[PDB]
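If you want the building blocks of each chain, they are given just below.
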Amino acid sequence: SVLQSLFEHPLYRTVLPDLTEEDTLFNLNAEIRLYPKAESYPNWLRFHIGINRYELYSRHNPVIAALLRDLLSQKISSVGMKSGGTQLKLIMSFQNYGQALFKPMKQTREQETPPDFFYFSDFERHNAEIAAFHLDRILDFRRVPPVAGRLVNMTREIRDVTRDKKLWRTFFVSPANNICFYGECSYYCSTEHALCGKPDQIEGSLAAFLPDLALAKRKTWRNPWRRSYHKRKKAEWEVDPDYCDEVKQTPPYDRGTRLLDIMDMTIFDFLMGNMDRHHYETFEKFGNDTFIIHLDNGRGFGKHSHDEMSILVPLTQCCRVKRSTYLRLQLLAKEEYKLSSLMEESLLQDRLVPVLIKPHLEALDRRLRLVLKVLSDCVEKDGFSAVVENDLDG
Amino acid sequence: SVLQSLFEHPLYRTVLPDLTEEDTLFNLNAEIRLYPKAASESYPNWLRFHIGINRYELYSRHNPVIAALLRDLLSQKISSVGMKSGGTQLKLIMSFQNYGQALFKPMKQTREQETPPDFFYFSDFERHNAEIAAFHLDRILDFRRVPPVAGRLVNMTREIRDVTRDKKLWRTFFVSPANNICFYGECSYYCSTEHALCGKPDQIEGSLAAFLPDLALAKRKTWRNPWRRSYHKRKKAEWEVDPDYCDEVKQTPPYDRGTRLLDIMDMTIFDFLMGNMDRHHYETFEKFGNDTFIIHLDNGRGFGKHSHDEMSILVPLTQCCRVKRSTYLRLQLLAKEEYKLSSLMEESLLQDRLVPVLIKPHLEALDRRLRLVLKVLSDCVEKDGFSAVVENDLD
Amino acid sequence: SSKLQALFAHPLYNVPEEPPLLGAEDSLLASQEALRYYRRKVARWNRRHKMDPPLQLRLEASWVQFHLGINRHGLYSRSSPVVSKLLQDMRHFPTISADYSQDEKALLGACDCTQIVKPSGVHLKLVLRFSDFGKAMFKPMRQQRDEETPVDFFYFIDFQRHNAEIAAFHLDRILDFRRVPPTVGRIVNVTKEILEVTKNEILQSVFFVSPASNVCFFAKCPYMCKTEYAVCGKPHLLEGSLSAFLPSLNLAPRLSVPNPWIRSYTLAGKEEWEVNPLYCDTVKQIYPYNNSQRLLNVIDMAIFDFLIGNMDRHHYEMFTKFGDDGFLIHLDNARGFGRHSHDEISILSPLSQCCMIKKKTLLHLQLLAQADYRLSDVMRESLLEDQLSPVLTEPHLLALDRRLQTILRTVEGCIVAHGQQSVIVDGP
Amino acid sequence: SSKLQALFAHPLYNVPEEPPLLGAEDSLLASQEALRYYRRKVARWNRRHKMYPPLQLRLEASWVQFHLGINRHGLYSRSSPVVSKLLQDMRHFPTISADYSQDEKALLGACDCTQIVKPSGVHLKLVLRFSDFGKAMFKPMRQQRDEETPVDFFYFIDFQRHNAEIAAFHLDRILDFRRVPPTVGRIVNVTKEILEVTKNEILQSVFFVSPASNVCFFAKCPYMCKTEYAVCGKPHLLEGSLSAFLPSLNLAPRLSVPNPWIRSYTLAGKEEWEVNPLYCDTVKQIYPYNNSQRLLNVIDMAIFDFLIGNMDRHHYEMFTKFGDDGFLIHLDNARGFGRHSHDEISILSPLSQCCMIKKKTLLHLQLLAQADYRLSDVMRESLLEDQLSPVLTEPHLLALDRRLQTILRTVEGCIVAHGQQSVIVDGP
Ligand SMILES: Nc1ncnc2c1ncn2[C@@H]1O[C@H](COP(=O)(O)OP(=O)(O)OP(=O)(O)O)[C@@H](O)[C@H]1O
Ligand SMILES: Nc1ncnc2c1ncn2[C@@H]1O[C@H](COP(=O)(O)OP(=O)(O)OP(=O)(O)O)[C@@H](O)[C@H]1O
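Chains as they are written, first to last, in the numbering used here: chain A, 11 to 404; chain B, -3 to 391; chain C, 219 to 646; chain D, 48 to 475.
Just so you know, not all the hints are guaranteed correct.
Listed below are the simulated SDA-like cross-link pairs for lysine to any residue, each with C-alpha atoms no more than 20 Å apart in a straight line [what the hints assert, rightly or not]:
id, chain 1, residue 1, chain 2, residue 2
1, D, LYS405, D, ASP473
2, A, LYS176, D, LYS273
3, B, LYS163, D, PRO166
4, B, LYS80, A, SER93
5, A, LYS243, A, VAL323
6, B, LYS229, C, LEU421
7, A, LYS92, C, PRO337
8, A, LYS175, C, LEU421
9, D, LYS165, A, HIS203
10, A, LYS243, D, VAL256
11, C, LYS336, B, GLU182
12, C, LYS323, A, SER87
13, A, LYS229, A, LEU270
14, C, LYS323, A, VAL323
15, A, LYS241, D, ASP473
16, B, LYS215, D, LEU155
17, D, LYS273, A, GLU202
18, A, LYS116, D, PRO197
19, B, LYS33, D, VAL256
20, C, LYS438, A, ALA224
21, B, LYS33, D, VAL174
Bear in mind the hints are in silico, worked out from the structure with no lab data behind them.
Take these sequences, add in the hints, and give me the full structure.
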């Protein structure tokens, strides 16, 4: 009912402007040329061809719904470990030639990140990845790749279906007669952080794979509010209160769509508490006039009794937002709609519920009202039209 | 005779200015407290080497320890061997019977071989030849910015394989169909079976670069070279399109003072003499400030091509056009037939249990690359004039 | 003069082969069905690239007649004018398309720098298409002529020589085995004939320019693991070996069968045959080697590999239409011809241990030992008709003679232990 | 009331111990020699610290009297007033110096993140010096009180709890084994009492400030490998366990002896004793376990480790002056007291398989099973004298009683198979 009514609002039916062959990503006939000899195409393909300039997927797509179902139950064909990342992330291949990223459980639901942990020491948890997709979907941003949670068997779906010599040599059985593995990444890839089931089921998230970087090159931008990632040493945006007045003079931040896009993202990161947003990818073939893919969301939902205000500093220094999002954020604050009842609704449709313990679902509204207040406390000092840029003209 | 005469020149006896406790690196009594209880100047040579690192030089001109420190690396007993992580290619850490340690870069490639012309600067091999050659080259120019390194014929059975508790390094020790012993390790560049290092049948050869003092009591700043190559195919670099680059880089906070820039000039001349186009970073010593030399580390990418002079290394000099008068007079002196570089370099390189460390074409190319550096200083001092190209150092 | 002409004019290379071919059921490709399938793929190809007149599928094309000419007696005909045209076409016809081929591509990923023997899909090879619509497997030059596989190199890390793929074909033709696909050498303009015709977005990404200003390309996975280098032109010219494509698996399905004499493919460890001289006593009692006709075909393959020094024969492919008695396809021979100073007798283990050889095979071997038609001279001459001549250096050619003696010595050697009863199988 | 006073006022804890001590040769430290050596180290400390009133070495100091009070009968005396002062001094005396200790430091390097069982030198422990010149091994708090070693945790990756080192001392005192060094709990200002007193340049580098504004420090190697975290104060206060320092190895050399019942220290694989119930039949015929007196001391160590659940007893140290019959030092007990719900009977393997226990040891165990002097109550009360009370949670204390029954049941259990002849060794 709650979710039924939200998409029934007149703020969620605003169609994108028309398109053009320049706004498509690639000629579908050229992605079928990268795969072996093998609209009946698999859902991961209908997902890829639908990635246009604005949204990553249509509002109420029938494939995005079914794409989540495939990852839940499709058969695992091959499993491989990724290299070069922060923490352990595995690449899954399926019976339909589709692939996906996989981040395991790593930590429980009722646990909070220790207060003494730096932002670059927090765990990447499947909870955040799955919750981030629904959160982004609820805000009608559609900038996250679909991710679904699955109860995987670490015997037949992990160990016995990998030819990776590194990953397999870490599969040991613990004194509790449980099966464990840790891999060979760099953070928390040792015996003392081994991931174990009881006795052989591990749980995790399957983030759908973005199209191959060969025919869908992705730019990678450095966040101007990127933390220094170094103890003791401070950061630039943490000492100049007018930072945004200098960052709106850079070549790509005095145009767009941009700045506003960061705003749509920095509001997103604050709602989750994800202070690990140091990079935001794009799509290159489009130019400087597209959305930002919200990737690597696993560091959110780590603290429910705490609201990290440092994430909001991009907004408190820039003080401007997209009118589309402002009216939504207000709408998402009314008791008839709101975030908790809307978030536990869609999150209830996953073979992992409860993906978010109740404190996080409730904290979602608390972080929302602080964002809404930061917009109010600032629109009284800069005024409307100079804080909200009309986009809904159409 | 030539080397004897070179140090007998009046251009090689210029002493450093006076010192001060602020110019020392650390108070000796505080490094001896970091090592175990162990089993007046009878301290090992690697320790006498560390306490001598002052603000200006890394070691006195004619030290009796730097000579003896080289001898230790040649013959001291190997205690433990461990593989380093995070580097470009394979580099092993050696520990000795006297608690001293050193870096170790193996042979990897022969002497008469040249870097393939189709290899990028970031695909070139790191060879022990270059590391040892760089030290004498730097010593001969009286720069004294490189850690001492000496070459040693090591036994891969008792000095490598049988004295390491490293599970990664040891599990790659296989015997080849030619009944030779090989190992490759687990780094990132050329660390696979198809680049395995093998002896005939169990001696591998390599270089031992002495270990700089522990970063705990001797923190080292790490600066990014403004002429750092893009390290990316197709994509160009800033200094490769703006011919006035130096006029913008002499306005940055640390390059419009010093000593600096001049330090870079002393270094970019060094890298050109070797052909080392992998100079993307230059470390310092933090506890001193912005008023010290630059440690010339990771020199293994030089001496890869003897029939080629990579002019791109000189671009820092052709765009900045200024040098230290101390080095200018030396570089002129090192081009004279009575002194010169080849005869000076084959002299000192002859004192190593690895000679010939440099095949003869490289030793002779040293004079060829030097005269081009000498000419670039001449072709530019006619367009900017002396006093505005050479900065007075003595008085 | 011309020992090559004397060889094929010998009564041996002219007697009819038994059993004779009734037709229809002895040609793996059905004429009416195959022409329809190739005609659809020409139709399907003409679009994809449209999205000059369109392509025309002519029966007179070389690869078409080659595919329809594959019979139960081998891949091609004895002294076939079709193959002579087929070889000339692959040398001169312009390229219209370039891809990554299967066997790769289906890897999706898949680079494991820890894997010592990564699968045969992470190897530098392309599939080219010519104006007559035919295809050919392209293997580039990876080593000089006077270069050997260096000592300390196991078989699974040995190179992939183009000239071996060529010479393996001529040796197949001289032996009248008629089992490897025709292969020619050709100099390729890698920009105009590979890069400018490829529609694969990945393949365009692996082409760069060297500091020497040469057009180079590489295999994606081996370059990442830094196990191999790139392959550059000078600056555009690069020589390679095109191996004619077998018929489509939709028309003639194939069956990759593992060899009984595989290697360990490890840095240590030996297989059962490497230690037990009685290995074939077990093999002779395992289906489908119990019929004593499949085993003989493996013996020939062993002889052919020992002549070229191809230790890497883990699997041999067969056409399913021809049954257990069908001949074996010797597809990827690019590893042989790497050691001209060494002869690996372990390759000859099937003949050494089973001790039985086909009548026809022995007669062709004995003949090639006589100076009037010695194996080195007829190969040296046959290889001159290729653009890449000389494809084999002198030590390699003479090595064939010495390796031929070793085969003959083993036959007569183990005849003393079993007699001509069980060492010569004069089946029809 | 007070069962603890009743324990030490019992005739068992008052009978003279045999053989009696003649003196001189039964005190491991010679008085005149020890006082001279300790006086020089005080002289050298005053010089070397001045360069970086002076210290006075008084005979009346606690650690001095403790060191000269170590006899052939144990580390300390039965109900010793020295130990009561020694505990109080380590709790209150200010710190004057902090270092990294040996055993580390001598690692030089040495972090191998692949090593699963890295040496016992890469563990967070410091050596503190107090105003009376004495030293003590500091182990910081690494886990809450109500926290267990989680299942799926092998012994070699178990934590390093401070409260276990303390409780292990009181259990040593309650059993009248008198073998572990005295240990007290103390709240430490990690800034004022560690960082501001260390001359070690590395130790100053591992101190940082949390996002919660807490002074934290860490072990250099485990933090790099991300196998463990840092240890923060709130914001400066942190509790740990100080274990009194043994005399200098220049005065009383020690001998690290490997246990006969070591563990594999691997993710799989078992040792010989883990599989062979007749393992001790082999041990009884190996020197120096043939005298049947060293083996008895190992039995006691097994009892003490089983009571606390200390599986990590790979080596036991001995004083070389006391010979093969000398007592064993139970130095590092920081791993015990981690499982209050689990009893690891493999620790009891020496008593299980050898089936022989010392007469004195059995009487103290039997006594500690009676409600008038039960092991949980006398521990609970003895541990109240520590600033870190409660040092053991309620489940841990009650576990001592239950595990005591398992030891007693094991004695009487294997008595039926051997009789009181070979299961009670009433040596003098
Ligand atoms: N001469 C040869 N040398 C090595 N490999 C070969 C040769 N000829 C064919 N092959 C192998 O046979 C396979 C042919 O299968 P392929 O996917 O090309 O089917 P196809 O014939 O293209 O079918 P379709 O007509 O449906 O496209 C290739 O992957 C290739 O590895
Ligand atoms: N209570 C204890 N618990 C654990 N280990 C201890 C304890 N007491 C001493 N040790 C060990 O004993 C060793 C003491 O030797 P150390 O290097 O301190 O010599 P020292 O006694 O200081 O001699 P010197 O007076 O010459 O300095 C340390 O390595 C320490 O690990």
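The hints, checked one at a time:
no.	hint	result
1	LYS405/D - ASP473/D	holds, 6 Å
2	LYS176/A - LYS273/D	holds, 19 Å
3	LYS163/B - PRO166/D	holds, 14 Å
4	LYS80/B - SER93/A	holds, 18 Å
5	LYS243/A - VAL323/A	holds, 18 Å
6	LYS229/B - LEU421/C	holds, 16 Å
7	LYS92/A - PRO337/C	holds, 19 Å
8	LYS175/A - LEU421/C	violated, 28 Å
9	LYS165/D - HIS203/A	holds, 16 Å
10	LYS243/A - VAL256/D	holds, 11 Å
11	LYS336/C - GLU182/B	holds, 17 Å
12	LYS323/C - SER87/A	holds, 16 Å
13	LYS229/A - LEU270/A	holds, 18 Å
14	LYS323/C - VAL323/A	violated, 46 Å
15	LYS241/A - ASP473/D	violated, 62 Å
16	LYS215/B - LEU155/D	holds, 17 Å
17	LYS273/D - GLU202/A	holds, 9 Å
18	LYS116/A - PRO197/D	holds, 14 Å
19	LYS33/B - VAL256/D	violated, 32 Å
20	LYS438/C - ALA224/A	holds, 12 Å
21	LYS33/B - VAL174/D	holds, 14 Å
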